Each structure stands twice: as structure tokens, then as C-alpha cells.
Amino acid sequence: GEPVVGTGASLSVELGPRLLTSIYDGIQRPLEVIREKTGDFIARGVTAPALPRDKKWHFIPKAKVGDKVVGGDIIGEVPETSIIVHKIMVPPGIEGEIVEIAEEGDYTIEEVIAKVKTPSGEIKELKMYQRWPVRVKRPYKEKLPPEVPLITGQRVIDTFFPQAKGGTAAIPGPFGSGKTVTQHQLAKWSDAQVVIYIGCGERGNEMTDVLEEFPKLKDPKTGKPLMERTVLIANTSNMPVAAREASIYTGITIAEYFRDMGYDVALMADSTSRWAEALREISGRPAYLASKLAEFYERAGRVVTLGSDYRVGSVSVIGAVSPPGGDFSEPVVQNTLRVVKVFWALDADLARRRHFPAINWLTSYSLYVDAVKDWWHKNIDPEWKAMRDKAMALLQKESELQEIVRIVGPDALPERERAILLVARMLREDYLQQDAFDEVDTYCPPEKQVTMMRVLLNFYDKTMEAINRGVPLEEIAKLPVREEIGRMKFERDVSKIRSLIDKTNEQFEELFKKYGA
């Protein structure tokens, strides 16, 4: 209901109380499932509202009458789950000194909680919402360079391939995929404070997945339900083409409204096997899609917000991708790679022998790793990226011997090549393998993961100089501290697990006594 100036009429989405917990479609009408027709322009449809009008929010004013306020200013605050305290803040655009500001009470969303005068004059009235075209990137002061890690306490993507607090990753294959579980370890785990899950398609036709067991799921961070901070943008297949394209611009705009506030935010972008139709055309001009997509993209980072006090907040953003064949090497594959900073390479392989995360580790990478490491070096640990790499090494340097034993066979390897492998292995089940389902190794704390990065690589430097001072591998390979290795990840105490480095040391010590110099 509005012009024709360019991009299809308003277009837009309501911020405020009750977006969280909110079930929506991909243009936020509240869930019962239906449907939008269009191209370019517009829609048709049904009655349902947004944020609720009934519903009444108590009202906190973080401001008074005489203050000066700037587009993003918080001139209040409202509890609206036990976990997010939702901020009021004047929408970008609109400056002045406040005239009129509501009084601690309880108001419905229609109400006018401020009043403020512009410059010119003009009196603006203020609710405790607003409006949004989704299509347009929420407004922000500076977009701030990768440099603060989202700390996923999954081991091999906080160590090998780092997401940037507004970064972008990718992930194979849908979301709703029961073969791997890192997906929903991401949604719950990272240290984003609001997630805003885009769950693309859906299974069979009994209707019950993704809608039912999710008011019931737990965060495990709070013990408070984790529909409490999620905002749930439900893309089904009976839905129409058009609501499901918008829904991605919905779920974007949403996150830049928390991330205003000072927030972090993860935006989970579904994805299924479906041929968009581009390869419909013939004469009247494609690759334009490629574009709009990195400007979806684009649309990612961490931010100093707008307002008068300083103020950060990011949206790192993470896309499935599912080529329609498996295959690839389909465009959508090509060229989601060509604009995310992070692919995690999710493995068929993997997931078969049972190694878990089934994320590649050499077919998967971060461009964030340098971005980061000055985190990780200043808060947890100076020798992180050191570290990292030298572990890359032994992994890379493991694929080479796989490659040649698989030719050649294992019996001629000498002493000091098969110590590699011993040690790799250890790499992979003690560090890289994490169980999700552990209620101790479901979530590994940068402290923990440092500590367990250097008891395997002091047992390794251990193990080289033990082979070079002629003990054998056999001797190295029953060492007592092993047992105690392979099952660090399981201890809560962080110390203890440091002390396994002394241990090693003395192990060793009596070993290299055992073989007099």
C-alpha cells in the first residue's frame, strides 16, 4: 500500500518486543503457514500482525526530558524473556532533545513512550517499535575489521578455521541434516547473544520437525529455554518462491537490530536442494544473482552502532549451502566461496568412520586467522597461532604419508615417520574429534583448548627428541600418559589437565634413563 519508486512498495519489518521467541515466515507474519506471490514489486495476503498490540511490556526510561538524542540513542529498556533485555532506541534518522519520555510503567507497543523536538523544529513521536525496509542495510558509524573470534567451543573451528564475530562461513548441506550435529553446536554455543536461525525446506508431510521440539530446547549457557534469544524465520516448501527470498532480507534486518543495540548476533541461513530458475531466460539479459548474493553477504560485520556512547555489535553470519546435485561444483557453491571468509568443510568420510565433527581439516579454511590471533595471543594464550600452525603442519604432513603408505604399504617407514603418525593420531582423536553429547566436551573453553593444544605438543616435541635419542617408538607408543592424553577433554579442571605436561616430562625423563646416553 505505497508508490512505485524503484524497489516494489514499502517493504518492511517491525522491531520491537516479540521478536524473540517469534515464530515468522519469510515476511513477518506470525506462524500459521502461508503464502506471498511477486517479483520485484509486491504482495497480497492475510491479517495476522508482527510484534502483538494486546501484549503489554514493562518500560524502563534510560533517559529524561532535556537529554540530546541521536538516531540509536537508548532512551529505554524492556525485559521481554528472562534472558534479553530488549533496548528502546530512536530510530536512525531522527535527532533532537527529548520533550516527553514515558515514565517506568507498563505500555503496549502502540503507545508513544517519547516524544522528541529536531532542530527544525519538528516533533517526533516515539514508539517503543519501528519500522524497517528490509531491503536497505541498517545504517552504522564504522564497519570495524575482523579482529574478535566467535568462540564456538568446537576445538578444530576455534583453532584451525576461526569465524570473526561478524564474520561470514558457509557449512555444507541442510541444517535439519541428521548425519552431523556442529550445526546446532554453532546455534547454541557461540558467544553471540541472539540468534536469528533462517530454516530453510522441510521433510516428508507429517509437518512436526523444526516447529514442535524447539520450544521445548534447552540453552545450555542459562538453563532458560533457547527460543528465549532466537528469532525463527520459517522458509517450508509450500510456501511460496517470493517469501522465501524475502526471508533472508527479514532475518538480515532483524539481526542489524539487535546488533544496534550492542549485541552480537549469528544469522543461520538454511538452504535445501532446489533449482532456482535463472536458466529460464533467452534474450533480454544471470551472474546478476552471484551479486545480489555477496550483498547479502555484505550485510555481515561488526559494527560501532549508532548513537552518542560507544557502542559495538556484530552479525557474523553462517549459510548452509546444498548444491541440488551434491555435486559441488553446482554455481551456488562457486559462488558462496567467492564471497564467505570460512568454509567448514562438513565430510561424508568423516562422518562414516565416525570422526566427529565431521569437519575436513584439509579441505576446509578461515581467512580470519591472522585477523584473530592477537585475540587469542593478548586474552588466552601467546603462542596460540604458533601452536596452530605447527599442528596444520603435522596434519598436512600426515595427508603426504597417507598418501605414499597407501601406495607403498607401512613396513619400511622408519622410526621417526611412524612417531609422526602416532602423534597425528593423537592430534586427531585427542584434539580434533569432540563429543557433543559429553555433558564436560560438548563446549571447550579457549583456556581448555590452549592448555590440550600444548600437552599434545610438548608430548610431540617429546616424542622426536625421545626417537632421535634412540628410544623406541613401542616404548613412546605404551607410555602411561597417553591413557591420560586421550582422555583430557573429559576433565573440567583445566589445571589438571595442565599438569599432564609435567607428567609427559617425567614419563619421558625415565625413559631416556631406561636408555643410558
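Numbering follows the first chain given and starts at 1. For clarity, a rigid core is taken as the largest C-alpha set superposing within 1.5 Å between two forms. First, how it differs from the form deposited in another entry.
The residue among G66, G486, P480, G45 whose Cα moves by 2 angstroms or more between the two forms, once the core is superposed, is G45. With the core superposed, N205 shows a C-alpha displacement of at least 2 Å between the two forms. With the core held fixed between the two forms, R274 has its Cα displaced by at least 2 Å.
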The other form holds:
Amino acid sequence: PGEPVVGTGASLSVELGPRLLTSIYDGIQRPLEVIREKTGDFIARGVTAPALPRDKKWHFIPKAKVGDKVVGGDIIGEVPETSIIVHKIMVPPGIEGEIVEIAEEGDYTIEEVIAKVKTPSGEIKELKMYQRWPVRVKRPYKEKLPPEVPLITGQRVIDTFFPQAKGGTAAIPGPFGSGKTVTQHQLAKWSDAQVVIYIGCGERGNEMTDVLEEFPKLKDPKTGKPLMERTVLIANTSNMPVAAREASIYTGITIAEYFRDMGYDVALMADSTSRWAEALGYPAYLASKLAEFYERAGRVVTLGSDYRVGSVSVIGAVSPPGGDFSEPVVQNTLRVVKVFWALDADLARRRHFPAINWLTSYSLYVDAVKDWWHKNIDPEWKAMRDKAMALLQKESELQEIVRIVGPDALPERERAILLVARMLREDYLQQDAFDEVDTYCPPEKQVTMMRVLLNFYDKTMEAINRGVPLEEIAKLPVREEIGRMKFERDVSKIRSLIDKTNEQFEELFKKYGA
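What about the form deposited in another entry, after the form deposited in one PDB entry?
Lone chain follows.
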């Protein structure tokens, strides 16, 4: 319990230092299993739990020396916090000066002063391993960079057709706890963010027991260590006050921002259940509040003397009251988000996984990220996805028509388009999250699989143009290998299917002569 204050806040804050990681909180940063409150468009009050342990001892490694000039954001030491994440100790924003005192390498609890700064005025400021920040105020930076670098998820359909930029905003149908899809989980463990902030919301019956003691069992697939060691969990149980629940995304995003400020890429994942709020013109103003939340996502040049970049990418769950999706909460979210991954019950029923509707999803980041793909992975990345999408669009038009008149009148050419689009769906869009190889698809593998498919397309259309029956192309032996390539770990073996496709078709050009 702290001091009273007048005007849009009783100074609603969060603490930021060692032991944010592996920890489980509520909407206002009190630990696992803490109590009840009430709201205020002005003020709020609390009860009895802390946030970061004062008894715990941390190894502090000094990174600056007496006489160093420093600014807000400068890194003055390093604390090895889990086996995955080094915590970087930063001068809080608004503090500038000369370091007059700094702790030696040793072991200290968080309340110990580990540095002292003399400001230009002459005021001595005392620095600890943690800092406080008002959750409702965006934590500052030098510059918000334009969308440029993709957040690589390793999921083909997302990275290729509906990319997320680092610092970008994405929505997906919720709740995350839904067992109908596993993309939500793939996103958390595979995205190339070092740190994950997860706001598991609603959580009923067992949806707080799933998130209880299986997450401690969860392995981070990139290290073999527990995912919790690079995660901060924020819980929103149905038995929590609506004021803490409302506040949770501000607490979450502030902790995210705090990890960007160190130079980390951070993924913030916000769960949502049937109307997660009733606290906080009073339809339009809530919309405006949400925009501001989402506006705190971004990749930034951080505060500090060194040039340094970090990001918060936001993935928000969308779960309308009636499963309508013409409800306010979804239309509001979709007005601000740049990416929508349309999880589709009809795709799931057919067991097309991940169940992302390739016709109703969208990303506004394709142009933003193309240059990174072209320069680092493949100069044709963008021409290739466009081509594959145009194929999927055509297939969709054809299927509509064939719904009306049936398939018997299809020309060879249209049958070919359907054959190759089916291969695109089955061999590329579909991905096996339960397979030891296909659970992750590196960028290099993604473009090579695409070249294999599009080269098959080119060759199919050329062959048909020279009178090769489609039936003969449909049973080309390479097709079966193309269908299995998602399971191959050696990318050079996948690449070699290009020549193999080429020669096989030659054996067909020659079997038909002209």
C-alpha cells in the first residue's frame, strides 16, 4: 500500500527488476493467489501482496565505472536471472549524470543501492536493480521504427502469407485455452522473441489448472530449458475484481516495454473471453482506449547512449460474445490491428491444420517485410507468395463454379490448377505441429519448399500446353516426394526435388514427342 494522489491515478504502478521472469501475477502485479479491489476513472486502492522478492540474492556484474556519463536507459550492470535470460540493469528514464558510486561484482538483494548518479544540478540519485513505472504511461524511447523485420514464427502460412512484423499488432480468434487449435501455443514457443509476456484471461474450471502446473513442465524448444524461464505470466481468473482484469494488459504491456528497453524482442500475448471487461459517448471511448493500448506496440530505438533496438509485438485473442464476430469487441480490434489470422471452425473440422482461412486472413505487413526476405533469404520471396496466393484465389473461384455446374466439363488446364492448388494446400499450408521436424519451418526451408511447388506449377502448365494428359502429371512419382518434403530436415534434399521434377517431366515430354 502506497501514497494517495489526485488525477487519473493513485499512481498505479509496477516494479521491474530481477524475478519478473517465471513469475505469476494478477492485473496489478501481485503474486500467485492474491485478492480483491475496485475501480476508478481517477483513483484505486489495494490490500496485502508484494511483487518482486526482497529476500532473494542476485549476482550483479557491473558494466559501468565511476566517472562514466550516463542517461536514462543506459546499462550499468548485468544480472543472470534464469538459464535463458540475462537481466540488464538500466538507469531509469529521466535520470542523467555522472556515476559517482557503483557496486562491485557480488551478490545483492533488490533494495540494495548498486549505483549513485550525480545529476547536472548536483543532486545524488540512488539506483537499485529494479525501478517503478506507471502502467498507464507509455514507457519512453528515442524513435519508433517503421515495420521492417518479420517476427519469424516458423509457421508457413503465417510467415509467408500473413506475416507479423516485430513491433506489429495481430489478432486471432480466442480463447487461447481452446483445444481446437494449437497455433496459439506454436506462436508462444517458436516466435523469435527472447521474452514472452502472456495474459491468460477468463480461465475457468481447469483453464487455471492448465496454466497452473503444466507451464512449469513446458520446454522452450530452442534451449531445452523451461519456457517459464523466458516468460512472465499474468492471470485473469473469473474470481478476480474487474478492475485488476482491466488493468492487466497495461501491466503486461509495461513489463513488455521494459524488456524491449534492454534490447530484447518481446511478444505480448493477450487472451480474451466472453466480454473480459465492464470497468475502466461510452461505446466509442472504449474503442479509443484500446487503440492506445495497441499503439504501444512497436520496434524502437531505445533510450541509452548506445544505439539499441528492441520491440513489443502484440498478439491479441478475439472472442466475441455470441461467436458472432460482428460484435463490437472484434470490429473494434480489427480496426487497429494490422494482422488477422482467421482460425476457421470449418478448416478444423476437415483437419486442415493450422486452421487458418487463407481467404479471410490478412496482413498489412507484406510490403514492410519483403525486403528483409529478399536480402536475407530469397530475392523472389514476394513474387512467389503472390503467385501462390493468386493460385489459391483461382482455386476458390473454380470451386464456386464447380459447386453450381459440377466437375465433368473442366478443361485439362483448370484441372491442373486444381491439382497444383491442392498440392499447395496439402504440402505447404498444412503443417504438423506434433512432428519433430515440421513443428518449426525455418525461413530457408520455407522458400525452398515454395520454389519446388511453383516450379511444379510452371512445369505442369507447360506440359499441358504441349498436350501431356493431366492424369500422367497427377501420378508423376516426384509428387509423392513433394508431399513429404515438410518432413525432411535437410534443405538441400528438398532443393534437389527441383531437378528431379524437371527430369521426370522431360521423361514425359519424350514419352509424348512433339
